[PDB]
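Build out the structure end to end from the sequences listed, making use of the hints.
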Amino acid sequence: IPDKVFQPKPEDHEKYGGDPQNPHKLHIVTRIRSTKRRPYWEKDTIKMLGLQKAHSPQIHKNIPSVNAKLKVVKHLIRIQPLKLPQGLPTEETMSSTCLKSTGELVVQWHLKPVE
Amino acid sequence: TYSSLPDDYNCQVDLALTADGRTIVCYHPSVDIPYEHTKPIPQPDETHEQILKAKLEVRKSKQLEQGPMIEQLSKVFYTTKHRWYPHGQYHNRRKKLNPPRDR
Amino acid sequence: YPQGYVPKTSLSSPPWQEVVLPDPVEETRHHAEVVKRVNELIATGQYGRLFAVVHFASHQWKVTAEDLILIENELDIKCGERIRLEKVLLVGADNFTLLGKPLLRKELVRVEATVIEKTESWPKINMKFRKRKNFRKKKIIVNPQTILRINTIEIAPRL
Amino acid sequence: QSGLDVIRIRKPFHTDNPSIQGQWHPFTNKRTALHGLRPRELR
Amino acid sequence: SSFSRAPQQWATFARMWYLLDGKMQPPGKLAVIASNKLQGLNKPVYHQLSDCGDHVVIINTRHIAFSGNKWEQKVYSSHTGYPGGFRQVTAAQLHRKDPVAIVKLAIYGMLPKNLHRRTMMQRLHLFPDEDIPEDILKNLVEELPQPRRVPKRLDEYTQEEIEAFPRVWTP
RNA sequence: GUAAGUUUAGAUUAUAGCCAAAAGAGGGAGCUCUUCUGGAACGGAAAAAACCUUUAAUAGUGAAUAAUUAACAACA
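Chains as they are written, first to last, in the deposited numbering: chain Z, 41 to 155; chain a, 34 to 78, 84 to 141; chain S, 50 to 208; chain b, 107 to 149; chain K, 2 to 172.
One thing to keep in mind: the hints can contain errors.
Claimed, not checked - Below, simulated DSS-like cross-link-like pairs (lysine-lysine); rule was C-alpha separation at most 30 Å, straight line:
(1) S:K167 with S:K187
(2) Z:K152 with S:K85
(3) S:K127 with b:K136
(4) S:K186 with S:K173
(5) K:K30 with b:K136
(6) Z:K83 with S:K177
(7) S:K182 with Z:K76
(8) K:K75 with a:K113
(9) Z:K140 with S:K127
(10) S:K167 with b:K117
(11) b:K136 with S:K173
(12) a:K91 with K:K139
(13) Z:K93 with S:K111
(14) S:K127 with S:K111
(15) b:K136 with S:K187
Said to hold, decoys possible - Computed footprint of chain b on chain K; a stretch qualifies when at least three of its residues, placed anywhere within it, have a C-beta under 8 Å from a C-beta of chain b:
(16) 11-17
(17) 104-112
(18) 135-147
As the list claims (entries may be wrong) - Sample of chain b residues at the chain K side, in silico, Cβ under 10 Å:
(19) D111
(20) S125
(21) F133
(22) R146
If you're looking for bench data, these hints aren't it; they were derived computationally from the structure. Heads up, the beta-carbon is just placed ideally off N, CA and C, and yes, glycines get one too.
So this is what it looks like as C-alpha cells:
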C-alpha cells in the first residue's frame with residue numbers, strides 16, 4: 041500500500057477534527073472482531089497488544105512502534121484520540137475518574153446529568 | 034388540542050412537562066359514552087341454556103347418532119369434528135389431578 | 050398560475066401530510082395549568098391503588114400494594130427488615146401518572162419493602178453435548194434466592 | 107428457609123390486584139355512533 | 002376495572018365479527034389483513050394457545066381486482082393423487098368456475114401451516130355478493146375500510162374538477 | 001510491544017488426515033500432483049464436518065450488537 045494513504049490532507053483533518061500540530065498522544069483501541077480463521081501473524085499481534093477481549097478499552101501511546109503495530113491490526117480495531125478537557129487526574133481524584141464514549145476522561149464525577 | 038392522540042374513545046390525555054422539566058405528567062380521566070350514542074334496552078318483553091338446548095335439537099331417530107351429534111356440535115361452535123372425539127384411558131389417567139391456579 | 054407553481058397531485062405531495070405544531074408560548078401556559086391541577090390532585094390525595102416501576106439488579110419490577118417479588122440472589126439483609134428501593138422510574142395513580150427522565154426525584158417518590166425469606170433455587174440440570182455422553186456427566190445449579198414483600202409507596206406534592 | 111416447598115416457580119411475582127385502570131377488552135378504543143347504531147343499520 | 006373475574010374473562014376472551022368488502026380490492030392485500038383478523042393478531046394480548054381468532058366476513062368477492070395480468074398469468078396447481086391427476090388452472094378460469102375459490106385459496110396459503118388453520122377457515126365467511134344473513138349482521142361488530150383506495154373513472158370525475166384541471170396544451 | 005528462552009541429564013508418545021482458498025508444475029476440458037494459508041456453532045448461508053459472524057462457561061420473565069437468498073424491451 042502506498043504511503044500516501046497515511047499522509048493526511050487538509051480536508052481529512054477537518055473531517056476527523058485532528059490538528060496537524062500538537063498531535064494526540066494516546067490511542068483508544070477496542071477489538072470488534074474475532075481472530076479465528078486469520079493468519080498466525082495477525083493472531084500474534086492481537087495477543088501482544090492485549091486486545092484478547094472484544095470491546096476492551098486499552099491505553100496506548102501514539103509512537104511509531106505502536107503506530108506500526110496498530111497499522112497491522114487496523115481493520116480489527118477502532119482508533120479514537122484521547123481528550124483531557126480537565127487535564128491529567130490527580131492522586132486524590134484517581135478514584136473519581138470516568139472515561140466517556142466521546143473520548144473525554146473527566147477527573148471529577150459529580151453524579152449530575154449532563155442534560 | 035395539545036394532546037397528539039384523540040381523547041374521545043378511551044380517556045382524555047393531558048400531557049405536561051413539569052416546571053423543573055425532570056418529569057412528564059399524564060392526566061387520564063376516563064370518558065363515558067354519550068347517552069345519545071347508546072342504544073336502549075330491548076323494549077319487547084328466555085335463558086341461554088334453553089337456546090343452547092334448542093340449537094342442539096333432537097329431531098331424527100330420537101337421539102341422533104354420534105357422528106351427526108358431533109357434526110351438530112361442530113356446526114354450533116364452528117369447530118372440527120376431530121376435536122369432539124374421545125381419548126383412550128392411557129392419556130386420561132395421565133392428566134394432572136391438581137393443576138395450580140394463580141390469579 | 051405563478052412561476053414554479055405545482056398543483057397538488059398523487060406524486061406532487063408525499064403520502065404523509067405535513068402538520069403544524071402549536072405555538073410554544075401558549076403551549077407553555079398549558080404545561081403550567083396541567084401541573085397546577087396535578088399538584089392539587091396530589092395534595093388532595095385523590096388516588097387509591099398505585100403502581101410503581103422500580104429497577105432492581107438487572108431487572109425492572111412493576112410494583113403494587115401486597116406484591117411479592119423474588120430476587121434470585123442473596124441480599125445480606127435479615128428477614129423482616131424494611132428496605133427502601135432507590136431506583137423508581139414510573140409511578141401511577143387513579144387518573145394521573147409520573148414519568149422519570151429517566152428517573153424521578155428522590156423527594157417525590159419513596160418506596161419501601163421488607164425481606165421475607167432467604168432461599169435457594171430448585172436444582173437445575175446442566176449437561177454439555179459430547180460424543181459418548183455417559184450418565185455421570187451431570188451438574189446441578191442451586192443458586193441462592195431471596196423473597197421481598199412490598200410494604201408502602203409514598204408520594205408528596207413536591208412539583 | 108421456610109417450610110414452603112422447593113420446586114420450580116412459574117411466576118416470580120404475586121399480586122392480588124394486577125389491574126388498576128381496568129383490563130383491556132375488545133370494546134376498548136372502539137368509537138361509538140349516534141343512537142348506538144350497529145354497522146350497516148339503515149334505521 | 003372493578004368488574005367481576007368471570008365477566009372480565011368472558012369479555013377479554015370474546016370473539017369479534019368483522020365485515021370486509023372485496024369489490025375492486027386485491028385479494029392479496031385483503032388476505033394479509035384477513036389473516037391478522039382471523040388468527041386474532043389484532044388483539045394486544047394475542048397468544049398462540051389462547052384461540053383468540055375472530056370471525057371475518059368477506060363480500061363482493063366476485064368483483065375483486067388483480068394487478069397486472071395476474072388474471073391470465075397466475076395458475077393454480079392441484080393434484081388429485083391419481084396417475085395423471087395433475088391439474089393446472091389459470092386465475093381467470095378459476096374465478097369463472099367459482100368467484101370465492103380464489104379468495105379462500107389465498108387466505109388458506111397465507112394462514113399458518115398448522116392444525117389451527119382448519120378451525121380458522123370455519124370462522125371465515127365468504128360471500129360472492131353483498132347478500133348476508135341478518136343474524137350475521139347482528140353478530141358483526143365492525144366493518145373494516147377497504148385496503149386499496151379505488152381510483153375514479155373519467156365519468157366519476159366531477160364537473161368542477163374538470164374546470165379546475167388546466168389544459169396543458171391546445172389542440 | 002511483551003515473558004519466556006539457552007544449556008545439561010532422563011524419557012517416551014505422535015510421525016496416515018478431510019475440505020476450503022492461494023502459488024506452481026504436468027494439461028488444453030477438467031483433472032493429477034508439489035508448496036503456502038484456514039477451518040471443526042449451540043448463529044447464518046434451506047437441511048449444510050471443511051464457507052461467513054463468533055474468545056471460555058454460570059443463573060436471571062434484562063440490554064446493545066455481528067454474520068445473515070435474495071435482486072429490481074433500447075436510440076439517438
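Verification of the supplied hints:
1. S:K167 with S:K187: The given pair, whose Cα atoms are some 26 Å apart, holds under the 30 Å limit.
2. Z:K152 with S:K85: holds, 27 Å
3. S:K127 with b:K136: violated, 51 Å
4. S:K186 with S:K173: Judged against 30 Å, a Cα distance of about 14 Å means the pair holds.
5. K:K30 with b:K136: It holds: about 23 Å lies between the C-alpha atoms, which stays within 30 Å.
6. Z:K83 with S:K177: Within the cut-off at roughly 29 Å; holds.
7. S:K182 with Z:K76: holds, 28 Å
8. K:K75 with a:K113: Cα-Cα ~34 Å, so violated.
9. Z:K140 with S:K127: Judged against 30 Å, a Cα distance of about 38 Å means the pair is violated.
10. S:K167 with b:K117: Holds, at about 17 Å.
11. b:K136 with S:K173: violated, 47 Å
12. a:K91 with K:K139: holds, 21 Å
13. Z:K93 with S:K111: The given pair, whose Cα atoms are some 36 Å apart, is violated under the 30 Å limit.
14. S:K127 with S:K111: holds, 24 Å
15. b:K136 with S:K187: Roughly 55 Å between the alpha carbons, so the hint for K136 (chain b) and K187 (chain S) is violated.
16. 11-17: Per the Cβ count (4), the hint holds.
17. 104-112: With 0 residues close enough to chain b, the hint is violated.
18. 135-147: holds (count 6)
19. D111: violated, 26 Å
20. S125: Result: holds, 6 Å to nearest chain K Cβ.
21. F133: holds, 7 Å
22. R146: holds, 6 Å
Of the numbered hints stated above, those contradicted by the structure are hints 3, 8, 9, 11, 13, 15, 17, 19, listed in ascending order.
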